[PDB]
Every structure is written in C-alpha cells, then in structure tokens.
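For reference, the chain that follows is the form deposited without the named molecule, supplied as structure tokens.
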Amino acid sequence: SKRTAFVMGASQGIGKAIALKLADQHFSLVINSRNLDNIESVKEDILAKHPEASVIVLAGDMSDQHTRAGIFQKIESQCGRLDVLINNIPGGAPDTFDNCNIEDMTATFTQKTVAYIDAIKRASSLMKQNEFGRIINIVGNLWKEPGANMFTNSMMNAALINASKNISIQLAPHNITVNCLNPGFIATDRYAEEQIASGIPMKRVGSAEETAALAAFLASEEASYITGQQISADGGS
C-alpha cells in the first residue's frame, strides 16, 4: 500500500535520518520540529532527492498537549489516515539523585513520557481505522548508576518501556505493532578527549542511518508479527 508516516522532531539527527530512509521507501511523510525553518530545509532536501514526494511540514512542540491535538487533527484532515508513528522527543536535562529536583521531574515526565502516550492515543484511533499501524518509540537506556547523570530520564525510560509493553498488547488485535527503539550515541552535545568509545563492545558509536534502518524495518509490512519489543542499536550495553 501507500502508507503515511508521521516523524516528529525530524529537523535533524535521528528523526531526520528516519525521515529520509522512510522517504527512500516511498512513504507519505508528515514531518515536525519546533523550528519551522530547519524543518522546511528537510522537506527541500527530500523533494530534491525525490521530486514526487508527499512531504507535509507541521512545525510545533510535540511536548505541548494542545500542539499535539492540533497536529493530529491536521494529519487526519490532510491525510485521512496514519500508518506509522515515530515518537521522538528528547528527555529532560541530566540530573542526579543528589542534584535532582521535583519541579523539573514532573516537567520531564510530562515533556516526554506523557507526550508519547497521548501521541499514541491519537495515532492509534487514526490507525485503528485501517486495522493497521506501526508505532516506534525512540527511547534510551536505563538503569545503571547515573552515574551518567541520567537519573530522571532513566526512570522515565523504564516507565515508557513498561507502558509500551502494555499498549502493545492492547493494540495488537488491531494490527498495530508497538516497539521501542533505543539508540546509543549519535549527534547531541554532551561535554581526542573522548574514550567513551571504550566501554562499547563494537568500539564505535551509532549512526542515525543504522538507527533509521531499524526503524524503517519495524515500520514495514513484514514486521507485522513483531510487537511489544525492545531493541537497541547501541553496539552493546
């Protein structure tokens, strides 16, 4: 069939990569980031490689409850369907059990975790219309001694893993797979001078294309019996 895919936070990085690969495979695209100008540029990049592409740009903050409803309202309007959802929202800033505070925790929780779930709620009832869907969640790693300053994000990642398992079960009947994809390392700040490459088995860091090759597959028709899964493109824990 000729599917429609909504890829969020795709102005660059992992989302941008998933966008191109998904375009590479003749998916109809609806794309999003906060920055209207950065996102436009991607559409131009995609149309350039593929002139006939159906790319839609809906700038906005997917962390915002209302921006969400509006985006989904639009897609339902301009597309009439939705097959694939790519939940891709960054977690909060790094923190420590010592350094953490509770105002921000709630924020972060709301910013990513709730966002993803609401987004699935909307995607799903759209998806349910055609008894088909592919939900891929960009999530990251737990558990282990943040330590990596990822205290709040790790507990969020856990909650998200749990929730997806649940959701996957509730939505399977409807031919909608729900899987989490945890990349490891790509393009995102942080602070020679860099032997983190030493600690990863493959001894290298991820690439958005590698991550995107995976998400593309999960998005495909042949991936119809794969749900409730948790798969890392991390080269090793």
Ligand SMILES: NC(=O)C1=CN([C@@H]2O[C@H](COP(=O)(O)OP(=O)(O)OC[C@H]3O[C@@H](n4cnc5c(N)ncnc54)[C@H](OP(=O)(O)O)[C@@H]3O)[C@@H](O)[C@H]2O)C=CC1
Given for the second form:
Number of protein chains: 2
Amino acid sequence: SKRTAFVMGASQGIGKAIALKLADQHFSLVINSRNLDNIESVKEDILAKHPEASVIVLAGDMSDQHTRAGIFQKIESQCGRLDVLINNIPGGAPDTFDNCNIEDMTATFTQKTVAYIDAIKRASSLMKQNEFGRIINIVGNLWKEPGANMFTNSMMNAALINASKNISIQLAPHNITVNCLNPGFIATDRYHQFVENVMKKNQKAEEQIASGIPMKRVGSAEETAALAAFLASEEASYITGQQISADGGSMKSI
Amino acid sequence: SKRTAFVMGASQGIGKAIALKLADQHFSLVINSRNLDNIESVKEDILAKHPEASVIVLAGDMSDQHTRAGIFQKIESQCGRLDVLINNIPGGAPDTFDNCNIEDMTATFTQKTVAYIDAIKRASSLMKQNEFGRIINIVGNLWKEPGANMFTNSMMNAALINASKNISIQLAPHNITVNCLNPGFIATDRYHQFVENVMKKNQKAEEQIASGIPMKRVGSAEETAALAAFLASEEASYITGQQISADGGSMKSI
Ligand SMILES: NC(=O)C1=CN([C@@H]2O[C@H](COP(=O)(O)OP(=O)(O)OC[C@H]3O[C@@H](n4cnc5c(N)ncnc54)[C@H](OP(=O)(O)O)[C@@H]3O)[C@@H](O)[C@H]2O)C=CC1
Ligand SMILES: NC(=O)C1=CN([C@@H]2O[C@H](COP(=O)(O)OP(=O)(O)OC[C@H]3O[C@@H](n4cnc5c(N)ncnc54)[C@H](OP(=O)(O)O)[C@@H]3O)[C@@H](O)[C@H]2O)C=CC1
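Could you give the coordinates for the form solved in complex with the named molecule, as opposed to the form deposited without the named molecule above?
Now the complete complex, all chains and molecules, led by this one.
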C-alpha cells in the first residue's frame, strides 16, 4: 500500500524524527514547517537516504487558518489522498495564573488547539474518501497534571484531549483512528531550552529533571516517533481515542 | 462570622438556588445577572424572607471583561472584603465537530472559561487580604465524557477543570479553596430546554433522559446548591482542587 502522510513542524525535533521514520517505512510524505530552508533540508536528508522516496514540501505557518486551507488544498491537488495526519505545533508562550491575559490566552488557543481541530477537519474529509485514516495528535502530559509555569498550555492540552476523544467517536465508523501522543521529556531544542529556562538558579539542572523520571533519563525523538509510527500503521486499526504517553514513567497518576 | 459571597447568574436556576441557600445561612450577598429586573426580583425574595439580610445587586454581563473589572471594583468599594465566589456563567452556543468555527469557538472560550479564570483572579486578590476564600466553579460533566452536541463546551469544561486544579495549588497556602461542581441533569430552564432541544423526534422524552441516570430522576437546583453551600462553608477548609458531581450517578467513569 502506498499511504500518504502529512507531518507538520517537521524541520526538527519530534516532527523531524516522525518524518524520517515514516520514510523508512515507505510512506509518501508531505512535510511542513515555517522555515523553508530548514524543512527543505529534511527532504534532502530523506531523499539522500531514500532516493526513490516521494516527498513534498509545503512550508507555512500551520497556526494560520488561511495557510491551513492552502496547504490542504495543495495536498488534495498534488496527492489525491491523505492517509495519515501528524498534528504537531508548539504550544503558546509560557504563562502563569498570575500573569495570564485574554489576548495571549486567545492566541494560544487558536494557534495549537483550534489549529489541530481544523487540521483534523480538513484531513478527515480526504481520509473519508478512501475510508482510511490515522490521526496522531502530539499533545503533552500537562493535560492530566498541570502545570504551574504552563498555565494556558496545560488547560489547552486538557481541551485537546477532550476534543480528540469526541472526534474519535465521530470518525471511528470511517476507519479513521484518532489518538493523542503525550511526550514527557524528550531531547529536542525545546527541552534543551527548558534545561536553561529553569537553570534560573544554577550542566547539572538535568540531574534534577531526570530524578523525577522513573527511567532516570530523557527520551529521544525517535523513541517518540516509534509510537507515532505504530499508531499510523494499518495494523493499529482498532486503537482509537487513546492518550498514550512516551514519558519514561513520568506520570504518577493512572 | 459575617462572610460575604458573590453569586453570578443568580436570577434563576442553579445560581438563584445557591443565593437563597447562602442567604438562609446568613452570608452577606452580592448577586448578579444581566437582566436587572429579574435579579432585583431575587433580592426581593431574599429580603422578604430575611428582612435583616444584606444583599447588593450588581447587574451586568460577567462575560464582558470590563464589566467584570467594574463589578469587582464595586465589590471592593461597597463590601471591603470577599469570602466566597460562585463562578456561574452558561457555556456557549451548542456546536459540533462538523460545524465548529474559530469565531464561535473563540467567543465560547472567552465567555465562560476566561471569565471564570479572570473572576478568580480578581476575587482572590480580595480573598488574600483576609486569608480566607471559597471558590466554587459551576462547570459540568462533559469535562470527562464529551459531548457530541456540545463540542466546544466539552473541551472548555476540560480546560476549566485543568485550570481550577492548577489555581487551587497556587491559592491553597492562602486558605482559599478552589473546587469544581459539576451538575449532571438539573431541572432549570436550561434543562427544560434540553427536554425539547432533543424532543426533535418526539412529554416523554424525559423518561428517556431519566433512564440514563442511576437515580432515575433529574435533580433539583437546591440539591446542587446544598453542595455549593457546603463547599463555601468555613468547615470545608481542607477540601480543594476537587471535582464533585451532583448528577444522580450519571458518571459511569471513576
Ligand atoms: N519535552 C518535549 O519535547 C515536549 C514536547 N511536546 C510537544 O511536542 C510537540 C513538538 O515538540 P518539539 O519537538 O520539542 O518542538 P520543537 O521546538 O523542537 O520543534 C517544533 C517544530 O515545529 C516547527 N514549527 C513551529 N511552529 C510552527 C508552526 N506555527 N507551523 C508549522 N511548523 C511550526 C518548527 O520549525 P519551524 O520554526 O521552521 O517552523 C520545528 O520544526 C509540540 O507540540 C510540543 O508541544 C509536549 C511536551 C513535551
Ligand atoms: N443540567 C443543567 O442545569 C446543567 C448546568 N450546567 C452549568 O451550570 C451553570 C448554571 O446552569 P443553569 O442553572 O441551568 O443556567 P440557567 O440558564 O438556568 O440560568 C443562568 C443564569 O445566569 C444568568 N446569566 C446568563 N448569562 C450571564 C452572563 N453572561 N452574565 C451574568 N449572568 C448571566 C441568567 O440570567 P440573565 O439572563 O438575567 O443574565 C440566569 O440567571 C451553567 O454554567 C451551566 O453551564 C452544566 C451542566 C448541566
């Protein structure tokens, strides 16, 4: 089967690892990030490793509603189908209960949560046409346990888990699965940030972070991509509405 | 103790029942709804029953940010304190995954979820001054199990549960409790609506609704107010960050 997968925010980190892995598994790829050079560099990496691969680059801000429509129109025109969606867009600027404001909170809501929901809407239309879809929402662990320095991102994570569940029920009769993948601590540029964004006090801030992880280490982007890829496979046909963490045991709650 | 309680959306339904009950328990009351005549009628009811009561009416749209600031400035000026907040504002227009749009979803987010969070921010400032607060968020059961015809309201409920938890951790050292009260099916004008808003097919639509309730009946506004009032009492000083349903057993999930 020649399945087609759309992976956004794929120029680095979790998105890039998912792209490389889906390529290794012979998916036709549509890939996206904002920076054109950086996402092109990924298509090169894939081609270099898989010269016979099919990879289409659609750069652009996936948080922007009109861009989203445009990227999905291009997908339908140039692909004719869509089998897999990887929803992967960063949350908003960190905020707290004390400093949150309606403007920033509104922007955070629209830029991740609304974007995912809209992307699912447009992806699912294509997916229904061939009665097959796999949707993996990259969300996060703040959804169950917030979240002091991520006040709005935590509540938006909870919203997204709740919406994905709802959507999964609606899309299930069409053989479209909808699952959430919640990374814990994964070594990307966003985590290497955190190691500093907290160093605010004193590299051995990571020994501190790793302590709270039962596995006692930060996970790799590929460890996260292994889960995404399994969820995207045809054999994961009876798994939907799930929230699955790749967090080395970090969630102490069932 | 002469505690002061602010109850919004108090002109009918759950809010009105909470107001009457807090009055029976000798709280000083600030009460609000949009319709001036209707909320005044409630102050009359209270006075008629408790001639020596203290009841201040502050009409206005609590979803409106500037009104909120104004109502809270009036509370600080005319009350000098605030001990109890009852967050009680309806959700947005019902929507579905299929018909949801960024405009309406944004309005729903701002009108309930942001409003509660902002109200908590302004109420907590007053509460900190006397090291006592009780905050009861009237939310809903759609937060754990959505929610087909309430797509955005369900995810906003999940957001609110997540935010309340976060806030409860922050406000706990100040002896301010923060709990969510999730009504299931409660006989108000909003439910009597639903009995029709679903009659779309065929009063015996209620026999249908009641079937899904283990107690086999819809609850009363006073049954809901009994829980709110207990949470608002001084003796509930060690209960915070809770989500408690008054739903006749309707939640089948733990
Ligand atoms: N510990 C962790 O890594 C955790 C990660 N997550 C979540 O996992 C997801 C990915 O995380 P992570 O790998 O660390 O992210 P990264 O910051 O490492 O990279 C994000 C990628 O997305 C691209 N991107 C950013 N904004 C947009 C946009 N508006 N439209 C399209 N592409 C965009 C970036 O490229 P470019 O700038 O070129 O657009 C970049 O390639 C995020 O949603 C994050 O919230 C959740 C919890 C923990
Ligand atoms: N089965 C049920 O009743 C359920 C209820 N809930 C929740 O419980 C809460 C109360 O429900 P319910 O009693 O049925 O609501 P009602 O529709 O019966 O009444 C709501 C009250 O709030 C007032 N109000 C509405 N909008 C505003 C506003 N923007 N600012 C200030 N006041 C307002 C209304 O008066 P006025 O128009 O004069 O302003 C009215 O008095 C809601 O948040 C609802 O979401 C959740 C699940 C189930």
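Numbering follows the first chain given and starts at 1. The term rigid core refers to the maximal set of C-alpha atoms that superpose within 1.5 Å between the two forms.
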Listed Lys121, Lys144, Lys74, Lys128; moving between these two forms by 2 Å or more at the CA after core fit is just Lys144
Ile186: with the rigid core matched between these two forms, does its Cα shift 2 Å or more?
-> yes
